[PDB]
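For this depiction, one protein chain was excluded, whereas all remaining protein chains were kept in their positions.
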Amino acid sequence: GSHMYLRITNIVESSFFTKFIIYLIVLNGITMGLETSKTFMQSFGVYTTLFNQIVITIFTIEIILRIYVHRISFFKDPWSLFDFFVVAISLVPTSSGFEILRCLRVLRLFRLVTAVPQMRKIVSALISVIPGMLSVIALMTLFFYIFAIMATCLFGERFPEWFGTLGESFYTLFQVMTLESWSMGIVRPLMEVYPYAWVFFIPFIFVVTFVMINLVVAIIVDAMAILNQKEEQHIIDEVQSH
Amino acid sequence: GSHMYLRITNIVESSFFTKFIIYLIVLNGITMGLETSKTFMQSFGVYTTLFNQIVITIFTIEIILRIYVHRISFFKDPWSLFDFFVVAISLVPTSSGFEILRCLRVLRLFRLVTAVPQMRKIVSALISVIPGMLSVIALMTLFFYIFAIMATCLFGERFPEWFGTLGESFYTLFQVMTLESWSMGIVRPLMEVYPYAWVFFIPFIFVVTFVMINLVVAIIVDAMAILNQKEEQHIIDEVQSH
Amino acid sequence: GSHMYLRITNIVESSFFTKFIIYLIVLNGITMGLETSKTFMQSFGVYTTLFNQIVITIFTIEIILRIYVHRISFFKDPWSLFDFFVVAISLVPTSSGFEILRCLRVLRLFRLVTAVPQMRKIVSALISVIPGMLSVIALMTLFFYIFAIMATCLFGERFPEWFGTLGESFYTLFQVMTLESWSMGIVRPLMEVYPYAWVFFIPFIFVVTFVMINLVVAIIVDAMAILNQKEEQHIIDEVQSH
Partner (left out) sequence: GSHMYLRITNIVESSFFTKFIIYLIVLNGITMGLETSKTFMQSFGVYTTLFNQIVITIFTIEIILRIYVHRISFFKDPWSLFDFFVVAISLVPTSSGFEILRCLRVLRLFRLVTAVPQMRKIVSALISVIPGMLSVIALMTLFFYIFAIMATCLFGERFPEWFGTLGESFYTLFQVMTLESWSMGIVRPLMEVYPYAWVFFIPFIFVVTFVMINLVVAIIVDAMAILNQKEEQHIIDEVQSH
């Protein structure tokens, strides 16, 4: 039994195997770039379509193998779960009146992140910030929800494209947060009917802007506070212990 | 006497009471989201209106109770003052030719910030920066006031929508500070009549931008200077005292 | 002789004198805000005009006095030089076919910065950064000059409003640096004639953006490097000297 199992485990945990997979990702990447062109597709079109159907069958083996080799531990791995879903997507057939999935196929190129350790590290690094930010995101989202409800009620009847709905207002308030056209595009028009509308949007811009800056400052200053704690230990320990 | 008073104080300072209040906030939140839809309002409309009239009577008890339990100390509490005003708003009746207040009702969902300690902390944290910034805000506001007066006098007669008034110019100068359409929307048009107008707006953009960046840098560098002072004490004390 | 001189020096260096001056600044401030309105000017117009002619004569005494009291040292003072020029401006009479100066009158409200120590400190603080930035500004300005010359030569004949002139191109390149309408407003139009124009503007946006961010980072990291040097001294001196 454990004779057969290790036969595959030595294959899977192989460096070659990894490298081979990575080789395909890059190739199926270059492939999917060229499929973008209907010129290319009119000549070398069909070659590409089978290469796609190959790579995807190969990748399905890969995952089955990875699962057999890792069993439970695989579904406990964020990176493997990703690889499952991003290949699973590529399995569900175009046929069934949902041409959208034919467009998501290309998420399988994210496997290159999943398969290359220095990419993995970066992603892990970026993500590591988020869980501290969760409450602040929640507060900001509540803030949006309140203001979105208020604007729907104040401006939605005269300005329904922008505020007719909680979603329209959620969308407009995000545009205002990015400051895209907020004045020329949105508020200057609102004021033609609601002259005091600036009393809603300037303070919204102040709060939302102030928060994002403070978040950044908090992150930097709080992180530098830890590095200073860590110094105190090692500087004070070599003063005490010596 | 102090028999009856403590009967309520044990209720109010109850965890259950807090949790119950919080439960309503979330529900009256979800409620006010659905009121946004006239579809929903045409079916389940009236259920919602009474739930609103209940929650608001309940919340008025809550505050009366909170006041009896806390007396003076309550009106010395920013968080309670908020809760008073944000519920008071919700009391003043729609009737009296001011439909605006019907739209402010929803500020009562900010109680969720007021009622949940980790939200409270964040808000306290964000606000803690402001009092150091006060003079700089004052300087910036003076700067706006001077430039707003100057632009009203230079451009207001040909460009009254944007500069006819001190307020129009205050509003335009804030749009320029955010850089929304400043060139295409405002300055490029001004130059068609006042070719040297760029001499007003580029330097305004330099000053205002430079200041906001410097403020951020000052905050970070000045905060890291304190954390280094605090280290000196503990590092130097364990060198001296030992 | 030095009997008479000190008679005035005790007046000038008076706290009252300072406070009186500051009192006028605020009042002549509020005044110049109300002059903004032709409604107000049609009623209380003339009161205002004489108050202006008073304040300005008073301020001219002030400066003469300040000069007599300080002699050479006055013209060596940036803050006094400012006060000289910002009041001098207000002296040159509207008459002489230059209505622009009537609009600069209001720069005299900057005296409030000049006259209030906590404002003075802020301004001094903001300015303290600039001299380190001088070379980098020079580099950036050279960069603009080169790119402005290149764009005038590439795009100015088809796009003269935006690039016909070194100044037009200098102005457009600053708009691109702020990212105002850079694509929709400028580059997307250029591409209709010069399809590879993106090869000029994306890299311009990368360089200019990268530099401004790096400048900020350099300032923060370099400033935190000094505060760490200063610690080393005091931490190492109390280790050696004790």
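The letters A, B and C name the chains in turn, as written, and every chain counts its residues from 1.
One rule holds for everything that comes next: contacts are C-beta pairs under 8 Å (C-beta built on N, C-alpha and C of every residue); 3 or more make two chains touch, one makes a residue touch a chain.
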Only one of C:17, C:79 or C:198 touches the unshown chain, namely C:198
From the list C:44, C:84 or C:145, which touches the chain that is not on show? C:145
Residue among C:22, C:104, C:129 or C:235 touching the omitted chain: C:235
Quick one: say which of A:12, A:65 or A:224 touches the chain that got left out. A:224
Could you list which residues of chain A touch the chain missing from the display? 29, 32-33, 36-37, 100, 102-104, 106-107, 109-110, 112-113, 118-119, 122-123, 125-126, 129, 171, 174-175, 178-181, 185, 216, 219-220, 223-224, 227-228, 230-231, 234-235, 238-239, 242
May I ask you to list the residues on chain C that touch the chain which is not drawn? 135-136, 138-139, 142, 145-146, 149-150, 152-154, 165-166, 179-184, 198, 202, 205, 210-211, 213-214, 216-218, 220-221, 224-225, 228, 231-232, 235-236, 239-240
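Following the convention adopted for this analysis, only the chains that are shown with their structure count from here on.
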What angle, rounded to the nearest 5°, describes the rotation that places the Cα atoms of chain B on chain C? 90
Between chain A and chain C, what is the separation of their C-alpha centroids in Å? 43
Between chain A and chain B, centroid-to-centroid distance (C-alpha), Å: 30
Among chain B residues, those touching two or more other chains are 179-181, 216, 220, 224, 228, 231, 235, 239
